[PDB]
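Next up: just one chain, as structure tokens, the form deposited in one PDB entry.
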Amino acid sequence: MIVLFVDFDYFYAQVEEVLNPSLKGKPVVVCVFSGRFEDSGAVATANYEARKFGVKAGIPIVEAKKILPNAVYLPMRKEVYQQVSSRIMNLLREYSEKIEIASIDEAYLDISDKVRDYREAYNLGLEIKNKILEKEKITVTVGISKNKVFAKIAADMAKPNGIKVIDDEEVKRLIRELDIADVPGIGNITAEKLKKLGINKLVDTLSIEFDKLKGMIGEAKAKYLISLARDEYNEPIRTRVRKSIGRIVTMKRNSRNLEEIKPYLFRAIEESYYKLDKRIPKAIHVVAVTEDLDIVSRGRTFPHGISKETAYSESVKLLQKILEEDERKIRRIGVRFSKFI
């Protein structure tokens, strides 16, 4: 297998840069305002000019303005970014029928049937980089290797407008030397669990007893990491089908009053049913983010599709159950639909 992985660079900020090129060279920060107060919210992404000084995704807006008070702070316009993303994905489909769209800005291409070695796969990587910046003037990063995981690691390394190949021989040195926290699927809770077991490299998973590795990170992550360490990972590129659609809004103030929460729950349903855009769900989940950011959720499924009116009636019953069974004030209320037809 030769897998080609395309990852658009600083993508929300770069799209705003494309629609308004005067922004180029300046630090651009794309924020998600929450409306509790002024500048309440977080950073969706920033470009590298803003990232240089520590303004990156996740940190509060007010924190970013303390660091770069004169940066360009734009509100998030995600469906603008989605239509741009949709057009770029359609470009990628010319280079392989086997393609996996992983998120709004990442696609995996199986180029096994289109090139014979890495040298050609590298050249076609440049052909894709040019065509995207040709047709849409967006710089991307190409990562090429033998499986999805190392193709993504390659792109992580060359990330800002790069292209880089991890060959079979670098895969082996990476198995021995790459920090295991830098492996896709290993966040900090799992990474911290691995270090307390002594594992800091992928090869260490072969030396440890499986049951004690399984006992602390789970069966799936264990087989996953062992498979990578044995150089025997090879999940195929598959078309990913969106399995849920939802929306959760922050209330202007915390509450446990059913009548105060109901408008927000209903607006989540309105916006959620719009995003379904045709497509009928048979399962609904009411999702509450509590006082202290803890997410509670009650749902239920039906032998049939759910109309908007049933979504209204049932969300109230499911919301009542959340307050019946939890004592925390709710801070954000939302809804998720799944199990489509």
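Residue numbers count along the first chain shown, from 1. Residues that one form lacks are left out of the comparison. The term rigid core refers to the most C-alpha atoms you can superpose between the two forms while keeping them within 1.5 Å. Compared with the form deposited in another entry:
- Both residue 8 and residue 59 fall in a single rigid part of the chain as it moves between the two forms.
- If you fit the larger rigid part between the two forms on its C-alpha atoms, the smaller part is left turned by 71 degrees.
- Regions where at least three consecutive shared residues each shift by 2 Å or more at the C-alpha between the two forms, after core superposition, reduce to one span, 239-341.
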The other form holds:
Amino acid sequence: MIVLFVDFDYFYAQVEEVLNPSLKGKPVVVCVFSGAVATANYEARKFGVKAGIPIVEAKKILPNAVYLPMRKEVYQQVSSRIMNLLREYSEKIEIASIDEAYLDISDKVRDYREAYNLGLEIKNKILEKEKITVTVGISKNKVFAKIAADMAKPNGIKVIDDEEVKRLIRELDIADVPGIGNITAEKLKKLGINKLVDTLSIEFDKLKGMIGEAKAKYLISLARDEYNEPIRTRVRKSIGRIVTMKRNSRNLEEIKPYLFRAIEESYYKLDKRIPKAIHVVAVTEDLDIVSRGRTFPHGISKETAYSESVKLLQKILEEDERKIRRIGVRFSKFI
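For comparison with the form deposited in one PDB entry, would you give the structure of this protein in the form deposited in another entry?
FYI, this one's just the chain on its own, none of its partners or other molecules.
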């Protein structure tokens, strides 16, 4: 297995320097507003300005900085484009967060050298189309790919071969393990567990009564080099849309525009796929849910969806006396 992990360097602060390019070199800190620090760039992170410290402690440390409010949805749109460009590179992708993604590339590359070169082409593509630099980590599982990027950041790329994994197992501090908090690691330090190998010299049940069962199996499985968590690529089983009407209605020719608008948004919100089932969904005046559907053994063209949704909505009006408040469509069973 070959995992490729992509992490966007100080994402929030980096997006701010893209849209306003005057903040080069100057320390930039994004904050949630009295408040807390959301993200700081490398320039400000070098002086102990981390994420999670209060704003006024950060303005003690460096008053001559640029402080920006949290523009969360600005940063989400850039992230959405970059994730879309990563999906372009391999089908098996897991979006872990707004600035983290895991790619399974076992079928695209044969070794770590080709994986390294593929990560180089990913970094340049992201830099070409969004002017964002990233850190790429490559290893044998998700955890070690993340460890790789933590060691190479910022603007880095690092492979961790299988022999460096066995070295890191004996040498990496427990605190440096992804998915493990700082207080859980402080509890392990106080009991004699400092390195990842130290979990091999303790009984499973004893460690379980210490940090819980989820973390106990997590730590032991990594120390054993038997951590095999797959890339969880999310697939939409159904694609649809529900739209609210201006008034509650039972007139078919008034509901049809809203129902047809839901089709247009839904049919063209799954790239290259055709459905075999259509479901019309009505939310009644009392906010109940009534729905009727049909399955076609062949595909449902968009025009078929037009004439079939009307017959399904007609079937809803005949079998229910309540007025309809919102109307929508759901597509499923893709081929």
